[PDB]
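My structure is below; once you've seen it, I'll send some questions.
Note that one protein chain of the assembly has been removed; the remaining protein chains are unaltered in position.
The first chain written gets the first letter, and so on, giving A, B, C, D, E, F and G; residue counts start at 1 in each chain.
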Amino acid sequence: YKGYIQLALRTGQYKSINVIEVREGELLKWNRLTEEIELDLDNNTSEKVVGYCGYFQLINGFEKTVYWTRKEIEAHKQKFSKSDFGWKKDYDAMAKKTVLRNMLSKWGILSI
Amino acid sequence: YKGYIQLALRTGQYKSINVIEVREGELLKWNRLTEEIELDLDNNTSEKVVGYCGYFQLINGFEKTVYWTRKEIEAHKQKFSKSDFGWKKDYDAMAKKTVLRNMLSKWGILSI
Amino acid sequence: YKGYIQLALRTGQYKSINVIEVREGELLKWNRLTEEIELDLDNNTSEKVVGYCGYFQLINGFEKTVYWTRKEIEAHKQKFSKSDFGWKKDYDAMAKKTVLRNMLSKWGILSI
Amino acid sequence: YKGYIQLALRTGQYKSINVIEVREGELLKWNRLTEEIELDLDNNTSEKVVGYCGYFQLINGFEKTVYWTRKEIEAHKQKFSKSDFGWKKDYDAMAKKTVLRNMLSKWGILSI
Amino acid sequence: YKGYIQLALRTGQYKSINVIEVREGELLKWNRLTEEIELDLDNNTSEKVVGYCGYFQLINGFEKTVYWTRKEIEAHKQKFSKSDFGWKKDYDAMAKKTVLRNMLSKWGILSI
Amino acid sequence: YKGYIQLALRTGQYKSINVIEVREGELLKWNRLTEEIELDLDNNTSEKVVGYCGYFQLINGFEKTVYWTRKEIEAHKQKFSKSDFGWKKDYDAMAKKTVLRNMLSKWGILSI
Amino acid sequence: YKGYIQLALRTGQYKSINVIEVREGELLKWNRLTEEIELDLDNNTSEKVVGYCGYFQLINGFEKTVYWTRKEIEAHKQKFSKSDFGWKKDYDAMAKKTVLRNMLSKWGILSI
Partner (left out) sequence: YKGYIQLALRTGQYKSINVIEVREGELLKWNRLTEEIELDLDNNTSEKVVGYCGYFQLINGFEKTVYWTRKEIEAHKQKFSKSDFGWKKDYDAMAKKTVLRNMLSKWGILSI
């Protein structure tokens, strides 16, 4: 993936990129059609995360939002992944790296 | 198709683009004349997709919606497609790429 | 025609445009004076198209409907068209492109 | 005339406009006082047109009907028109353009 | 007068308006008290007009009829009009415009 | 008075209204009790008017007739009117407007 | 009283109503039993009114006549009326309005 981030930095036409995790009872409602999402901070009771989100905006004003839950990531690990040694040590880091690599791959522009 | 996406990004006058899949018992009703579509989320029982949809809106306020079902895609694969090795591995990805290439081709503006 | 679509997009005062085909036993009744048309979906028995229709609405609320049958298109191809190589490969695409070019030409506004 | 259509489109308070030709044995009866007209379709025997008609309705519900025959148009061409090169090539297009320009002129509202 | 027509259109509570000319041997009998008028079409021999008429009906069902002859118009031109350059070019158009302006003025409702 | 006519039009329950002038040797006999009046047209010799009349009929069949002569109008101008600049320019128009305002006032129904 | 006239108009079953004043030396003889009254016009010498009369006839043929003199009206003003500011300005209008209100009240039919 580090090659993908290297190419993204060498491209030099992006403005901002961010990936975060949304924990139980944090957001209000998400739309899968118009990409409408709203979130309220410091109002929560649990300590277990429920999903992941990512926001990427370019210098020309174009923006993109992606949101995933546990069902898709478990389906992906059970049909594509073939390693399990790192899954016991941590649960989120490899999920984040997969999210980044896919979002950079199928939408992101690459330059050499 | 990646050339088409490259040209679309280099054009730099679009605002948002999205392509999704609509699964059984998700939308309410679709109009083929006025492009009127409404969808209700998290209310569904099955696990088999039934159609595909796409929404593309420009920076000037112009928007366009496209919706396809299985009949048109199977007709297209039986009259135009000549390869079948990838159809057994996955069923949706190539359908999505065909949808994108056609929608970019016959409506989308291109620049060099 | 692609120049006409390019000029239409560069104009930037339209709201929605659509062109479709009406197949046998689909619509109910059409008025050629008040442009009154009503259509009932998923109630049909045949597989042969009978006409073409187009709806174009602007951002100011103005709308326009056009509907053509096979008689006018065959008269047009027999008095104006001088090529026949593409007519055997497909039957509808060039009819649609002629409909678009005429409707953009004699009503549509153009800007440079 | 194209300037008149441009001003009409830039006005942005109209709803629908249409101009057609009525051919022999098509309509039933026309009233010149109350603007009462009724027409029956697909019941005709000849192939020679006999008159022209136009219907224009605004967004506020106001509507207007105009109907002309060959006598008025021949009187107009013999007292006002000074050119004849285009009359041999076609017979109806310039009659339609005169109908549009007059109806837009003496009733239609114009804005700058 | 065009200002009067502009105000009438901007009012937006009228239904139909018409002004015509009645030529010799066209109508049957007219009543100046109950506004009873009846006319028979395509039964006439002369080619010289004898009077003018106007019918104006609102959206609420109210209707009004006005009919004038040559005596009143010649009295009006000889006591009020002060120009004669346009009278030789045409005879009816200015009579019609005076009829419209008076009927809009003394009965018609105006809004700003 | 124009406000009175505006209110009358906005009321929307009237059927017909008319005000005319009766000139010397025109009517036959008038009744002030049963409102019986009969008039014969195109049989007259003089050119000086002698009285004014008005007929107003509603949509429910109710009708009303009013007839005035010069004595009442001269008494009214000498006891109520305080202006004389317009009396020399014309003699009938202000008499008609007074007739309309009084008849609308003391019988006519008003709505807001 | 205007409410009484409003209710009378909204009733919509009357045919004609009239109230007049009879001046000295105008009528011939009046009967208080059979309501027989006869009057001769344009034969009079004085200029002082002596009484008031009213005729009201329905659509079904029923008619009613009422006639009053100065004695009854002065008795009524001295036993019922409590205001005198308007009596000096005019003498007849309030007498007429009292006649109308009483005749509408004790005979007239009212509807809501």
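Throughout what follows, a residue touches a chain if its C-beta (ideal position, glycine included) is under 8 Å from a C-beta of that chain, and two chains touch if they have at least 3 such contacts.
**Student:** I'm checking contacts with the chain that's been left out. Which of G:35, G:72 or G:74 qualifies?
**Tutor:** Per the contact definition at the top, the residue touching the missing chain is G:35.
**Student:** Just the residue numbers, please: which parts of chain G touch the chain that's not shown?
**Tutor:** 31-35, 60-63, 107, 109
Just so it is clear, only the chains that are shown with their structure count from here on.
**Student:** Count how many hops through touching chains it takes, at the least, to reach chain G starting from chain B.
**Tutor:** Step count on the best path from chain B to chain G: 5.
**Student:** If I rank A-B and C-D by number of C-beta contact pairs, which comes first?
**Tutor:** Of A-B and C-D, more C-beta pairs in contact link C-D.
**Student:** Provide the C-alpha centroid distance between chain B and chain C, rounded to the nearest whole angstrom.
**Tutor:** 22
**Student:** Counting only Cα atoms for the centres, state how far chain E is from chain G in Å.
**Tutor:** Inter-chain centre distance comes to 43 Å.
**Student:** Give me the residue numbers in chain A that touch at least two other chains, ranges are fine.
**Tutor:** Correct list: empty.
**Student:** Determine which chains touch and list them pairwise.
**Tutor:** Here the touching pairs of chains are A-B, B-C, C-D, D-E, E-F, F-G.
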